[PDB]
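One protein chain omitted, others in place.
First chain written, first letter: the chains are A and B, and each begins at residue 1.
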Amino acid sequence: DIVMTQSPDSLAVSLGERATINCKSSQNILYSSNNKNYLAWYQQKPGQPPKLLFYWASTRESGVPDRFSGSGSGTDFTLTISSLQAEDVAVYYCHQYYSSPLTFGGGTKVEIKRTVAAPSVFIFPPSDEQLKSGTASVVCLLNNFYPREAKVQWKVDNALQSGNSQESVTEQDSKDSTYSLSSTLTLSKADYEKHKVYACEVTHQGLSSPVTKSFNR
Amino acid sequence: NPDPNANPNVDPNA
Partner (left out) sequence: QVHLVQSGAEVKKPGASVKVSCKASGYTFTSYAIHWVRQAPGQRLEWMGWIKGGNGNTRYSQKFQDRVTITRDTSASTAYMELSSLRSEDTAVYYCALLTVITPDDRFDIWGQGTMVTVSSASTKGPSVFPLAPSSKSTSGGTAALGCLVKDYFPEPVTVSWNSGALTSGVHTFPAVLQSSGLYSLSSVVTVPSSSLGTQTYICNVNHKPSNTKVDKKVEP
């Protein structure tokens, strides 16, 4: 089988700068008879199938912006984005159709570097519906921030919580290159009713001191 | 050298 290896596995460049993705095939996929490289480039955004960008190593699909170009030959190939745009954040995959089985590279994740943006922080108490159903979850939302690293701490009656929350961060936004994060404090209804002050404290590069949002049950 | 049956969608005589 032909193994497709990509380098780097991950790269971050500022908006409008060049991005270079390399693909290496373990076998020659250039056919001297027609002088064609049997390679395709694909772009995959979250929740979507891969989108073909190049046939034959260097032939752009209809409608692919001109900042994209495919190059290389034989065993070594390159995808270049000459001026990286916010909408270009994605995982890029090479593909050979020279021999069977068809195979794909491991992917190169492309991300955007942009200016620091502080999170907007919001807190949601348990809904009456959830309390009537017997549990209580408190949600802390950190919206549209950059860089991705952010620290959330839960405090109940000013006591630091441990072991009862879960959080996740979004993929990078395709318009403003930011991230958002949701954290949930999962409590029993009995424990929720035992305390008054519910707070989430957020640390992030765009904040000069941690920001706390809270409510009283 | 190329396997024309790898992907029949690729013109095998291009």
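Quick note on the criterion: a residue touches a chain if its C-beta (ideal position, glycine included) is under 8 Å from a C-beta of that chain, and two chains touch if they have at least 3 such contacts.
Shown as candidates are A:27, A:127 or A:212; the residue that touches the absent chain is A:127. Contact with the omitted chain, checked across A:32, A:168 or A:208, is made by A:168. Of A:58, A:73, A:85 or A:143, it is A:143 that touches the chain left out of the display.
Chain A meets the missing chain through residues 40, 49-50, 52, 55-56, 61, 93, 95, 97, 100-107, 120, 122-127, 129-130, 133, 135, 137, 139, 141, 143, 166-170, 180-182, 184, 186, 213, 215. Seen from chain B, the chain kept out of the figure touches residues 5, 7-11, 14.
Going forward, only the chains that are shown with their structure count from here on.
Rounded to whole angstrom, the centroid-to-centroid distance between chain A and chain B, based on C-alpha atoms, equals 35 Å. Against chain A, in their complex, chain B makes its touches with residues 1-3, 5-7, 10, 14. Those residues of chain A that touch chain B in the shared complex are 28-29, 31, 34, 36, 38, 97-102.
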